[PDB]
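Just the one chain here, the form solved without the partner chain, laid out as structure tokens.
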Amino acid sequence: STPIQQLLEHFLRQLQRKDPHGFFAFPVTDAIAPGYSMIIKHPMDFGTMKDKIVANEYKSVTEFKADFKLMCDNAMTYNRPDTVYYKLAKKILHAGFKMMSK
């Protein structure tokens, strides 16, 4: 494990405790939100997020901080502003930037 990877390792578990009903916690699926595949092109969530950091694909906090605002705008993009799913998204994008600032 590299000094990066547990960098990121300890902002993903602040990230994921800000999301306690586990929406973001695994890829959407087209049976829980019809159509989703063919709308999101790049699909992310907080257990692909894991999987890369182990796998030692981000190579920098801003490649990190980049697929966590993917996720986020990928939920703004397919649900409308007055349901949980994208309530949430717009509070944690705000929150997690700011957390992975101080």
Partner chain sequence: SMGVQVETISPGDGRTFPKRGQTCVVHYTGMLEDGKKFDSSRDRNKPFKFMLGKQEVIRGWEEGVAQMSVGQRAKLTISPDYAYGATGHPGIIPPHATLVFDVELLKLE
Given for the second form:
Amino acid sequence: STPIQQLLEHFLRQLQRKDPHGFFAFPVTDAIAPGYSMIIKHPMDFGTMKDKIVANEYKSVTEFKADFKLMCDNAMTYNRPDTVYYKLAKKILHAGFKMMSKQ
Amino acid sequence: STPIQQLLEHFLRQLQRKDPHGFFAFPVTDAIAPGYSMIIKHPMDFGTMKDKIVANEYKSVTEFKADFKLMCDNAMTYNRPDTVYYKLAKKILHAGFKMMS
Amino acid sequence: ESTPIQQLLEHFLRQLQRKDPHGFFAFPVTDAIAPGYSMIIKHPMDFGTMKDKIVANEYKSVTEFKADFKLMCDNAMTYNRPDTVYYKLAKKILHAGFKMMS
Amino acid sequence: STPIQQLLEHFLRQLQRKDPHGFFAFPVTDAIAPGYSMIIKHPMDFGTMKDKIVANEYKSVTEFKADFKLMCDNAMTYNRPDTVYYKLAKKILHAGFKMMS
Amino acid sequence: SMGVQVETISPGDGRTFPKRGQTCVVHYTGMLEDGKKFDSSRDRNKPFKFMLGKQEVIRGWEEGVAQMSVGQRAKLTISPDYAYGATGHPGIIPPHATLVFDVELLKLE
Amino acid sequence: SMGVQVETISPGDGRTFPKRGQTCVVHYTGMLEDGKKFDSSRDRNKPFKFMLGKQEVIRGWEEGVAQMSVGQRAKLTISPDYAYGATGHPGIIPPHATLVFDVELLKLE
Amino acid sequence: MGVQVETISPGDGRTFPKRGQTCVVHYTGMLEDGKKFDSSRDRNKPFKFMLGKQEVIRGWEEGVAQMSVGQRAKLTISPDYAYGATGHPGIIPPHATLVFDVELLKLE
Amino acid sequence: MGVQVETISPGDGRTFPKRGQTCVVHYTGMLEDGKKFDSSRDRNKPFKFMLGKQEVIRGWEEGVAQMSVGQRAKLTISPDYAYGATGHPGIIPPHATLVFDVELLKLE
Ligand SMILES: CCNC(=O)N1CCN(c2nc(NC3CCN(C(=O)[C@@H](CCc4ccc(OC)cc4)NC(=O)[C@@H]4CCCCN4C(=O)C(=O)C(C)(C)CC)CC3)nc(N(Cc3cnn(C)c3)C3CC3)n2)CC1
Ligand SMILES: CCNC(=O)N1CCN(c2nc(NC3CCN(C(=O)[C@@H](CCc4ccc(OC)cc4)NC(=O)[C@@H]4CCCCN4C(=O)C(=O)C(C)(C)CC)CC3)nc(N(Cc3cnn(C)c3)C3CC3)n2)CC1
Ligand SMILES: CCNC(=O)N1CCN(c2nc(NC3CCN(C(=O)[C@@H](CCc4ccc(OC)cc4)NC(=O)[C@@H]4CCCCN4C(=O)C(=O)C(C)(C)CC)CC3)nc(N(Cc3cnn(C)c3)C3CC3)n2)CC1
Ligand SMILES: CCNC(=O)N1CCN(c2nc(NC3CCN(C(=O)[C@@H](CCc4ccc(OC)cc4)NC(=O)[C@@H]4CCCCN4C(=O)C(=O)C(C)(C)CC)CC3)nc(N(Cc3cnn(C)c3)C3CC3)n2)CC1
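The structure above corresponds to the form solved without the partner chain; please provide the structure of the form deposited with the partner chain bound.
Shown next: the complete complex, the earlier chain at its head.
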């Protein structure tokens, strides 16, 4: 585990603690969200991010932040503003940026 | 019929034209409106007013206006504000007072 | 040459028929499909008959055309029970067609 | 009466007030409900609950809540969902817990 | 809340239920929880009519009568939140009153 | 306008209808008025679940599915006001589109 | 309520007007009894106003703000949110409840 | 969306609060997930405020105005009709939807 892999694992555990119900844990399927793959072209989720950390695919914290933002941006695009999902995506995105603000 | 019976007859027909569905035409029964006789203690209707005109029971236009007001006030007491009856009673009351001002 | 009355009613008819995409009103209701229909409905009507009347220049007025459209819907609401697709469509189409033709 | 007996009796009277017709008042017999003792293995009712309080058999509020739940759960197992009995059991179970929480 | 419970006194056909926009023709007797009568259409020899879906009656009737079929006679027990609530009906129904109606669904119109 | 029309393809039990707060389990195919398909849960071999009363679906589904009973298969024809209106669903449903769904109510949870 | 909003056809449900944006609408205004007093559709030209600029009656200010682009809705507006006791001489009588059919076509 | 009023138990359906009247209420306030943040019942003392006097958040101003004396209702209030992006530091988080159980006891 390199210095970056440790830090990204730390950030990931802190971010996942903000999603106690696991809304972001796995890829969104079309069965649960009709048309999801028609609207969102680049899906992202915590499980995929975790796999990327383990395979040492992130070259910087910035790239990790870009997947985290992508995950949140997908949720705020797919889901209506009045839904639990949209509100959670907005809250966690702000909280994650604040946490990783010094990069 | 006296000049007063004539004027009240004129007013009654003009007001009745404002009630084309006959909501005020006859006494409200308890069968159509449960508890009506528990809530409204002095019922009034156009049919009763017409009978009073014919029997020369109104001593003044003021007394006629008082029954008309009583009729409308009963409807706005018995009926809820969102109902056709409440809205019509308020509309007709304003128009009748304006006419007999 | 189509008369002005023939032009307008066919225009109205095509608009009304678009509201019946499944063709429920397209042809006369038979007794084989609906037993006792001709005992219950005394003056049957359908879009196809209305079209035939236009082509033969049988309508003297827009009023008569509206009356046949209404008759068609009223026949459907008399014959069919309120819980059926047919009854619900007739009530919906009657309201919607009148709104369109004014 | 001990403190636990007082509290459970207080709760029971409040719970029984929610059953004014006494559907839960006495044990369900097999004569009244054929096969009941084949379907419901541990029957319960308010009358048995009162008797349990009086002989000081409840060791905790927890045990009392468990008998109330059992009573409602027995009713929702034995009776079909379209019955007054099933609907009452579901309603009273939710309301009694709310009352004692 | 206990809402409204419908207990069958004598059965209806179990197939004809009132829909929204139909007129229900009923005979009823209304009593307070202790049995005191406050009204009855049977006492007036005239059934009561109301239309479902038009806010004409207390919620326990709206939801309770919807559950009956033509011919059914039932006892409706209705909690205050489904009745007249804290206000009651001054001089007729006290505050916070559970109501019991004996209702017969005579006809749909 | 014409709101939503429900046409039965094959009957349900005609007695188990979904109430507010229940989860409906359905298989559906959605087409435009001219028949081009835009989506189907059957194509994904996975039924769709949604709860009535939770503002999760277009109004034509809310009112149309509420009318079906368990087991029923029906065709829902839905006007734009009861669908996606002037906006449509960019890239999937054009503006002002009447929609046709083949819906089977499989189960309530 | 000063203004009640009843949806006739849905908007996109995400694009709501903010302060300083121009709303482009087509409307019909009627009195409570159904009589028409004006319509932008009759002039074949939508009406434009900028939110936050005190250009319209309060029932429009608050009612249109609740709509999303594409939505068509019925606004029922109480006199306090409309023309109040004065009315609008020769057009709207005193103490009039107003009903508008409004379609939010676009924001500029 | 700003405030939704769901009746828990009915009011008299005729006595609605007007400008300048004092509303006497008992309330419980919770966040959307059910956590309580305040309750007047816990203090054994009703809350009073005068309508039309900018004393309360807009969802209460408009929500209570819709109730009649005696009514108990659940008010669900969007952040724009509550404490918005700022919240109420240490009590209400940013962007919070609020849920109040409100009983209109009396007008004074
Ligand atoms: C909208 C415009 N259009 C329209 O209105 N239309 C055309 C479309 N439409 C329709 N109706 C029906 N069938 C039922 C509808 C209900 N009913 C009956 O007769 C009932 C009496 C009424 C009733 C219904 C239900 C009920 O308890 C739930 C109680 C009463 N009678 C009977 O129970 C008995 C049993 C045998 C038949 C006769 N009985 C009798 O006593 C008699 O002998 C009579 C009736 C003479 C003495 C009273 C009509 C028959 N099928 C189809 N199709 C689609 C198709 C195929 N080709 N096309 C072109 C269409 C085919 C796929 C099937 N379409 C309605 C008419
Ligand atoms: C809420 C707490 N309380 C509670 O839960 N309780 C107490 C109150 N309650 C109740 N139920 C009934 N009647 C039926 C209800 C339906 N049922 C049956 O067995 C049915 C099987 C279930 C069923 C029902 C409908 C249906 O298609 C619509 C399909 C299936 N069986 C049968 O169809 C056959 C026919 C003959 C009898 C038995 N059958 C059998 O095969 C058998 O032998 C068994 C079952 C052993 C093998 C399969 C139970 C009994 N009456 C009264 N009262 C009030 C009263 C109170 N005290 N007193 C003194 C009177 C008065 C009227 C007497 N009260 C329910 C229990
Ligand atoms: C304008 C001059 N005229 C005039 O004023 N009036 C008088 C009105 N009026 C009227 N009223 C009604 N129906 C209800 C309207 C609401 N209501 C009630 O009692 C409600 C209580 C009030 C309420 C309403 C809604 C609500 O939640 C949405 C909560 C509360 N009661 C109940 O919910 C219960 C259950 C049902 C029976 C009674 N309940 C009781 O507790 C009682 O026992 C009482 C009330 C005695 C104890 C307190 C009044 C009556 N129908 C019709 N028609 C048209 C017609 C046909 N022929 N003609 C000639 C006309 C017939 C075709 C239908 N006409 C016209 C004449
Ligand atoms: C936060 C990270 N995560 C994440 O983002 N996401 C993704 C979300 N997501 C989600 N969403 C939904 N339900 C709808 C919500 C609204 N909607 C729709 O498509 C609506 C259209 C939008 C709309 C909504 C309300 C409205 O009111 C008037 C008007 C419009 N469509 C329709 O009305 C119709 C009819 C039904 C089928 C589809 N229609 C169509 O036209 C089509 O064919 C398309 C859409 C293809 C053409 C346009 C999305 C989906 N349920 C659940 N669960 C819990 C769960 C979660 N995971 N697991 C394992 C379980 C299950 C328990 C329920 N979870 C979580 C994962």
